[PDB]
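To begin, one chain is listed below as structure tokens, in the form deposited in one PDB entry.
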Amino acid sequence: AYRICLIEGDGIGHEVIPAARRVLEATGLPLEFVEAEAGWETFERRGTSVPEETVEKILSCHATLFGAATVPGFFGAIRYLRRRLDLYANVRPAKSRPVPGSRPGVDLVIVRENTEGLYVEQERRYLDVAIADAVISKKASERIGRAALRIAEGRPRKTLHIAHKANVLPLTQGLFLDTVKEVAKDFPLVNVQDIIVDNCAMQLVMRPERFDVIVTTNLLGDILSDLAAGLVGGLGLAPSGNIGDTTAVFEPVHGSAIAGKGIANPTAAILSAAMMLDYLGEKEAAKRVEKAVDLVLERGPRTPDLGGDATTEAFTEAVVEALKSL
């Protein structure tokens, strides 16, 4: 059976992760769970955001699902995990959901590298001048390009756009662009197009339907993904994954927010669980989960963040029920 490590994290995480677990069990898949701790609240009790035991648990499982995160000695749990486990592929999908305030027809995935697994981009200040290093290496570019190509090859469109800034940064961005295009020769089935990041941002706003998979570098991926989230309902419903060569951690994009009341929308956590299923090779199960979520978002109840007043537990129940009817 699949071993899934569950980490609630802080605040709303305590509500959306158990919800995600519920939906996962509803799929009927042979699943096992291992609870672990991480985050600010874990720091206050353990002295560290990511206890050594947590890393061990993560490594003992096929995949990890993380809820949310919210001083000397403290460090970002997710940032630490990316570096410690070299989860180099940051995967952020943007898909139209049947919710008021969402552009229809949008269905893309943005892939960018999590650099710290290989190196930390250093900042330095000398008197009145501060300098930040933007680093691109052939190795890192080959890895993320191959990761993006595989993702595109597993999607209907078989289309990949390389969003770059080689026009103004020929050495760094050019190395990125050229390397991804080189790796692309190994994926003749994938249609690869190059696009300046600025133009990509404008086209995401004007006609996002144009994109399927987009691969880009660090700082650019961030803004493009947030721009895209703005088009389909905000970060509130956005799932994400951090995939390495041995394991992966999935989590909602938005912070830990409210909370405690039980009005947190578990959509992102559930869709992150769906991303995890896809990653594990259970694509059909992932599609059913996603469908069930859409059905509820469309007809079923709705949590506060979506105009409704339904509770996290109520919304989750509907999904479970809907999932069972599919």
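For the two forms, the rigid core is made up of the largest set of C-alpha atoms that agree within 1.5 Å on superposition. Residue numbers count along the first chain shown, from 1. Compared with the form deposited in another entry:
- Superposition on the rigid core between the two forms places the CA atom of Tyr80 less than 2 Å from its counterpart.
- Annotation for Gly174: C-alpha shift of 2 angstroms or more between the two forms, rigid core superposed.
- Domain rotation between the two forms, with the chain taken as two rigid parts and C-alpha atoms superposed, amounts to 15 degrees for the smaller part.
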Second form
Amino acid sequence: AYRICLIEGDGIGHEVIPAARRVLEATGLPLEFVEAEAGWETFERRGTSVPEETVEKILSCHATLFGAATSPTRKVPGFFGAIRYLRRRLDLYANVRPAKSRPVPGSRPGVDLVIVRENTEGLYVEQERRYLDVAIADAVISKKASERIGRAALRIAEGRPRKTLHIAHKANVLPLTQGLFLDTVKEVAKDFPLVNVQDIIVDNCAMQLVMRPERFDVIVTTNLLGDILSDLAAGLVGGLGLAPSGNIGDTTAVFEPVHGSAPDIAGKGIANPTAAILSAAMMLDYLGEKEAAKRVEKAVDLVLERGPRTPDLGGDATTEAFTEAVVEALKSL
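Let's see the other form, the form deposited in another entry, since the form deposited in one PDB entry is already up.
If you are looking for partners or other molecules, they are not here, because only the chain is given.
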């Protein structure tokens, strides 16, 4: 009996997480769902964006599936970003973000890469100050975190057909912070002689992803850089409607779509639940249910190929209609 923590969050979180649940239910696997709260709406009702109860429930489960949470673009007393809080507190240091071609009109063919983003430090240390009309933020790179994110990315590349790892960085401008990251990952690469390791300055990396994403296997990079490159890559293979992720540490994992709360479409009945469902597939993989994971992915691909499709894929289908198509496709496998 797998205990799964389900956390909806804000906006389209309320729409795509129940969809993912319905698909998980249709695997037949023994699953016990445990509901918990985080995000802006939780801050409004409980006074904190992440109640202690929610941490307890996550830790009491085998894995968690998170939708999304909205963040203000300014200081709000008592408010801190929910998922970012969870990432640092549970030490979910590896953010694993695959980008794969799928059979939809908006997708470049031939793409199969994974972005591995350091998920605890960098600018995301969030240590900012304002003095008169000058604001300063720490960007922090530690050897320790670089070793762990590097090792994580190397394992992933070693486990993949092409065994190629690109280190994306700005060491040329930031040789102490970005340089420590670069050199540390190259150092741990010595324990992975099967992996071919390359480095790429991050702006070039972004131009290469646009022009020839097929060249990449695994990309490892730092926190903010990974945030950016992973939305870019999603754009290459059909958009945020489809892009999954895992926030993975040593003892737990929180699986979530790369996308946010999407307030421009929350309440319209049309959000694409594919990203949340494929995040659930990654979750099944992490739990040791590789077969069920593949079946979920297969089901999604069948529907993506032959319809119905949500508006972000050029269709006119509701979230409900798309989810049901995926459930029936899965039942037939």
